[PDB]
Amino acid sequence: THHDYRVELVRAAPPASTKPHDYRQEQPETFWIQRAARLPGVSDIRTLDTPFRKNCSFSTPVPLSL
Amino acid sequence: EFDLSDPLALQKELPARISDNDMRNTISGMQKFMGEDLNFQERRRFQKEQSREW
Amino acid sequence: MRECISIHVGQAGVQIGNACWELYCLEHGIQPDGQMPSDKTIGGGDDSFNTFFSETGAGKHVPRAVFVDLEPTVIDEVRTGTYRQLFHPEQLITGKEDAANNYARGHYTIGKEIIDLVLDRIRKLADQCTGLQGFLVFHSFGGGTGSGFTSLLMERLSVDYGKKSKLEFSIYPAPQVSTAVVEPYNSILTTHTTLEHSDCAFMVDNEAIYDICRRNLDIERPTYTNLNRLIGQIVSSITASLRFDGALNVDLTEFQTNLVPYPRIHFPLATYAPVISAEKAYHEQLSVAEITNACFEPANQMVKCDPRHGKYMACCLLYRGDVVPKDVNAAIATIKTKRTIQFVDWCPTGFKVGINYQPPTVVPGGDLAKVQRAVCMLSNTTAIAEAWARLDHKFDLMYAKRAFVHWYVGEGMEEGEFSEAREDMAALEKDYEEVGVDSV
Amino acid sequence: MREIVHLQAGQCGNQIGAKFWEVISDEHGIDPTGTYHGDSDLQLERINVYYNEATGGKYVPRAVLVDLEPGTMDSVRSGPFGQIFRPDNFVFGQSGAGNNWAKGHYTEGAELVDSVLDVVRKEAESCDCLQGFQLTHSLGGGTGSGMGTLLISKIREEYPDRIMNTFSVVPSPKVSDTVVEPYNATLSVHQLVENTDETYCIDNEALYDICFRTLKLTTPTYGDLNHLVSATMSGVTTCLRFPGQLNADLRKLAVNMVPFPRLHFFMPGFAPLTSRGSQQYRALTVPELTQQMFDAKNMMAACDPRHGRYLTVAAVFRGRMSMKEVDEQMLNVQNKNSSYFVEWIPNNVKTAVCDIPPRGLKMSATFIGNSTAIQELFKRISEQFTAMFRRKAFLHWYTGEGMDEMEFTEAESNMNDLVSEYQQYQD
Amino acid sequence: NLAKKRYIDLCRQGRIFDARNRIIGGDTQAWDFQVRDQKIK
Numbered sequence: 367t368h369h370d371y372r373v374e375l376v377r378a379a380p381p382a383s384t385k386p387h388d389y390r391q392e393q394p395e396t397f398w399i400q401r402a403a404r405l406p407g408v409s410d411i412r413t414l415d416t417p418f419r420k421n422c423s424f425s426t427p428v429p430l431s432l
Numbered sequence: 109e110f111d112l113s114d115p116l117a118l119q120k121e122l123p124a125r126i127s128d129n130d131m132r133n134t135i136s137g138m139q140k141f142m143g144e145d146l147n148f149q150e151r152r153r154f155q156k157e158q159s160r161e162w
Numbered sequence: 001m002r003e004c005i006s007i008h009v010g011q012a013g014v015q016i017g018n019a020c021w022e023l024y025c026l027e028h029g030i031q032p033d034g035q036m037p038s039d040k041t042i043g044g045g046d047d048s049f050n051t052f053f054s055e056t057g058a059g060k061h062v063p064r065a066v067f068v069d070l071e072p073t074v075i076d077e078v079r080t081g082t083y084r085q086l087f088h089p090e091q092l093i094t095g096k097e098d099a100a101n102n103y104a105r106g107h108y109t110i111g112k113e114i115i116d117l118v119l120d121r122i123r124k125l126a127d128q129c130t131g132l133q134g135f136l137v138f139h140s141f142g143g144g145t146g147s148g149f150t151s152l153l154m155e156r157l158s159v160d161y162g163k164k165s166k167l168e169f170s171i172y173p174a175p176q177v178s179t180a181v182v183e184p185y186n187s188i189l190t191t192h193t194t195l196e197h198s199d200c201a202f203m204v205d206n207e208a209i210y211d212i213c214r215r216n217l218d219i220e221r222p223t224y225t226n227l228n229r230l231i232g233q234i235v236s237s238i239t240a241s242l243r244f245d246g247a248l249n250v251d252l253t254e255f256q257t258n259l260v261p262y263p264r265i266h267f268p269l270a271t272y273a274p275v276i277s278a279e280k281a282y283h284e285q286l287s288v289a290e291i292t293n294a295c296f297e298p299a300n301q302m303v304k305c306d307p308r309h310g311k312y313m314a315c316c317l318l319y320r321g322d323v324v325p326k327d328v329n330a331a332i333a334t335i336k337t338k339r340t341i342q343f344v345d346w347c348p349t350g351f352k353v354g355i356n357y358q359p360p361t362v363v364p365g366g367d368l369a370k371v372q373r374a375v376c377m378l379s380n381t382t383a384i385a386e387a388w389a390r391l392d393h394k395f396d397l398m399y400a401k402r403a404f405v406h407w408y409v410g411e412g413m414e415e416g417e418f419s420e421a422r423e424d425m426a427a428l429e430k431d432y433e434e435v436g437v438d439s440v
Numbered sequence: 001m002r003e004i005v006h007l008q009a010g011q012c013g014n015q016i017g018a019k020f021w022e023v024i025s026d027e028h029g030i031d032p033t034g035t036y037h038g039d040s041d042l043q044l045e046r047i048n049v050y051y052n053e054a055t056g057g058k059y060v061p062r063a064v065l066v067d068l069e070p071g072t073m074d075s076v077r078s079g080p081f082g083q084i085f086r087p088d089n090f091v092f093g094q095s096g097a098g099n100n101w102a103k104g105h106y107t108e109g110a111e112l113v114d115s116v117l118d119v120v121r122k123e124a125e126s127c128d129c130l131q132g133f134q135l136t137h138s139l140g141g142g143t144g145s146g147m148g149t150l151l152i153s154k155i156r157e158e159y160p161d162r163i164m165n166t167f168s169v170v171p172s173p174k175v176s177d178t179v180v181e182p183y184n185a186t187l188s189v190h191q192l193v194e195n196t197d198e199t200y201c202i203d204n205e206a207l208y209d210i211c212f213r214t215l216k217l218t219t220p221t222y223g224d225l226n227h228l229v230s231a232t233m234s235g236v237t238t239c240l241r242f243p244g245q246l247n248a249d250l251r252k253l254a255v256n257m258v259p260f261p262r263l264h265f266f267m268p269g270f271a272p273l274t275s276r277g278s279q280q281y282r283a284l285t286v287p288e289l290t291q292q293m294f295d296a297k298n299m300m301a302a303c304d305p306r307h308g309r310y311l312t313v314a315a316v317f318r319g320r321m322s323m324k325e326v327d328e329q330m331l332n333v334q335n336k337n338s339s340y341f342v343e344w345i346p347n348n349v350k351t352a353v354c355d356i357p358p359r360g361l362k363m364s365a366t367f368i369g370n371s372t373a374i375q376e377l378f379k380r381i382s383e384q385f386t387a388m389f390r391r392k393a394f395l396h397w398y399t400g401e402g403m404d405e406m407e408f409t410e411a412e413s414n415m416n417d418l419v420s421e422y423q424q425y426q427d
Numbered sequence: 014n015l016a017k018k019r020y021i022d023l024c025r026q027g028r029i030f031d032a033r034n035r036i037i038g039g040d041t042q043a044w045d046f047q048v049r050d051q052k053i054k
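Residue numbers (the UniProt record's numbering), protein chains in the order written: chain L, 367 to 432; chain P, 109 to 162; chain E, 1 to 440; chain S, 1 to 427; chain F, 14 to 54.
If you're looking for bench data, these hints aren't it; they were derived computationally from the structure.
It is possible that some hints are incorrect.
Derived BS3-like pairs: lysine-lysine, alpha-carbon spacing no greater than 30 Å straight-line [stated by the list, open to error]:
id, chain 1, residue 1, chain 2, residue 2
1, S, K174, E, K338
2, P, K156, S, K216
3, S, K174, S, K392
4, E, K311, S, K174
5, E, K338, S, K252
6, E, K124, E, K304
7, S, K392, E, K430
8, E, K60, E, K164
9, S, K174, E, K336
10, S, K379, E, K336
11, E, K60, F, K17
12, E, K336, S, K392
13, S, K392, E, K163
14, S, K252, S, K297
This is chain L alone, in the form it adopts within the complex:
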């Protein structure tokens, strides 16, 4: 089966990335991530590398604020 079914001379190797990818600190793209400012459930955007962190600066009471 090795001698008969062997296939060589193929276009080997995975396709080229065209961007630098690290799996440690890169988040997937989503319908939500590409349309992040125009979503009904998204708060204020004031962080880089992730738009979806809670930003409760408008809603905290004036007694309890920074």
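Starting from the known structure of chain L, fit chains P, E, S and F onto it as the hints suggest.
For chains P, E, S and F alone, coordinates are given in the frame of chain L:
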């Protein structure tokens, strides 16, 4: 008021959305919607590239 | 102002609070020295840390945590590890001799010397929380301080605070593979404090987590880190609606409403769905409908109970990442078609969904692949009454020859607790059968 | 001169009304900041129905936003038009209800009701001749339905002659996302029937059945469900802001719809909705608009009026269009199909023509219909109340707030009157 | 006397109307010197 009773008003007319880049399609004119997705396929493709590299 | 104070009791409690709390440093920006490095030129907008972390003037964040032990050797590794400037020096309580696999030592004799000091650091961490949701309890049913002293920790916390939420995450003993002999005397006798003095209760067994991590991941021979790491991915996803934005937001008060029908009845089951390896994340699409149905599987539950034996009372889903409301609502309807999952006669509606935005955080040196979706599901089931039945057997088996009983009745522990707190379980095992029976 | 004070409550009520104000402000040429930047003169003539005046020629709405959790005020303040609202109009409590009618009605929603009634009594007495109020809420949550009916009870004990109107999103039966919702909805319909003049029924199931079937959208969201509720929140009040060949305000449609004072649950629908590929294949004439008011798929409730009898019918037409062709097509629908119409009312149709269409459009059409096929909307709530209530299911969450089980038992039979009151007119 | 009091009240206004650094804070540069001296002793 001849324009109400034209014989050719249906010919001499425009649809409300000739293409996706047309000027008279605002929020109150309910032809253009926010959740139609033309960026869907490119976003899905780059999602798959991101998954592969991770 | 969405605070929660964690309480970690025992070596099981401490070593879980080392892996929960290196998740919450990476989830936000905080390093092991306490500083948030992104605080400069971007400040005030990130109020997400305020649930768990507490700010000082220097830009240093201190957790809302209390670590309790009755032995010095577990916390002293925490006191000089990597995270030794993160914790306040007085939030780590240690005794001098441990309770030594014995309920009565940690309750009646040895736990009387730490309850006066621990109940004073709780007051200082709850007199700065302007709105406290509720405490969190991480303990082990089988040890001495995890079981003897927690039953005395909870009993004061009824008086001291009244009707705040006291959630608990416990390690119930495994039905087959245990690391003790006096294990069922402890685990029976602490049922009467997780019955009265708990508002919700989650009882995982470490044998079930061994099954998932060997099979769903690819760690043959895991250690207790890879078990602590999976427990941290549930406590974060429960509280991820308190810190990051969501299309639908559900709180600790809000699923308490939607999961417990009667106040004797609070024992759900935790199941976190995509736990797959990085090589087998290459080959599997991980859509919303494909992970919402792996929660229901009897091979992925983290208790050694099968929900095909009993009827679901309520369910609580917690979606996270790149989901959509159109597809969360689309795949719930599939579950309702199949008979193989059945709901109870008196719960026609059934569910409670929660949709967050910020996807879960991968940990460097961890094992789970970095994905874009998740589900955490907390279902209430009649088929949890078998897990106390495989331990009802092993209490009366050992107690009929009255073995090991001199180690308890010589500590100032009376004899009538053995015949009572087991016959306590002889009604909560009969309560769960009647609250599922089909109507007349 | 005929002012409308908007009230809106809950996450459902604050996310419907935020899109509705993006509909109105464009319709009157108002920027995101508030300033007027229009072209016509009719856009600035009856703007005082909905807008006040600030200094420097800047218009601020008469909207009072109500919530029990503080996290849906930040969503609205920092949205697209969140800077047009006066910040004192936002009302928020610092702890929610969490899907509970009792915390809405007695425990938590009674300490917040006395601070909104100091807001609305400041906005209702600042009108030269106040026409009425509005509400926008849902019968599934805690603050939409619990305190959202506490508010209506205080209004109609204080301003009884004025119009009270509601756009209720009653709970969807078969796409449902709360176990404890039939307790909330069954306990809330006695408070609707004694304290509302009109009330509209909206199901989110039947807003999805437009966006899949009619519009052929790929990925709709809640932004395209609020986009349709505001389409019929503006067509009811379009003869109050723009002149016509025949006018109808919010009262004249109420005079002509309810024959008996307990029968005010209706069924909206908006006609010229066209899918994107079928947009170029359609022309805008009059029978293209009455073929889609009266189409049974189009309706914004998930109940079918072919199962019942139309008590009365409305229609609001917008555009510059012919009074013969308006009138001849509504006789046309009455005559082909004359078993869907009650006998004892001979004409069952009220019609009104407004001149000024929605922006960028030539013609438009709106509907309000009263049915005996809407007693099939409450019996599917009664069957899932007494199936669940007879075993005392989630009852400890409600009785420990200070209630009684007889308070449930009356809300069994007060809503079961409306099942059998409506039933005797099908006979 | 008057010029000393006027400069003192202006610097007091400047050091108190920083709202965060009034209700919270400290002197890290002095505390490093104090812990260094205690180590030396």
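Hint check results:
{"no.": "1", "hint": "S:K174 - E:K338", "in the structure": "holds (16 Å)"}
{"no.": "2", "hint": "P:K156 - S:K216", "in the structure": "holds (26 Å)"}
{"no.": "3", "hint": "S:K174 - S:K392", "in the structure": "holds (23 Å)"}
{"no.": "4", "hint": "E:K311 - S:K174", "in the structure": "holds (21 Å)"}
{"no.": "5", "hint": "E:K338 - S:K252", "in the structure": "violated (51 Å)"}
{"no.": "6", "hint": "E:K124 - E:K304", "in the structure": "violated (39 Å)"}
{"no.": "7", "hint": "S:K392 - E:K430", "in the structure": "holds (18 Å)"}
{"no.": "8", "hint": "E:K60 - E:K164", "in the structure": "holds (28 Å)"}
{"no.": "9", "hint": "S:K174 - E:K336", "in the structure": "holds (11 Å)"}
{"no.": "10", "hint": "S:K379 - E:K336", "in the structure": "holds (22 Å)"}
{"no.": "11", "hint": "E:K60 - F:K17", "in the structure": "violated (37 Å)"}
{"no.": "12", "hint": "E:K336 - S:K392", "in the structure": "holds (23 Å)"}
{"no.": "13", "hint": "S:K392 - E:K163", "in the structure": "holds (23 Å)"}
{"no.": "14", "hint": "S:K252 - S:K297", "in the structure": "holds (27 Å)"}
In this structure, the hints that do not hold are numbers 5, 6, 11, in rising order.
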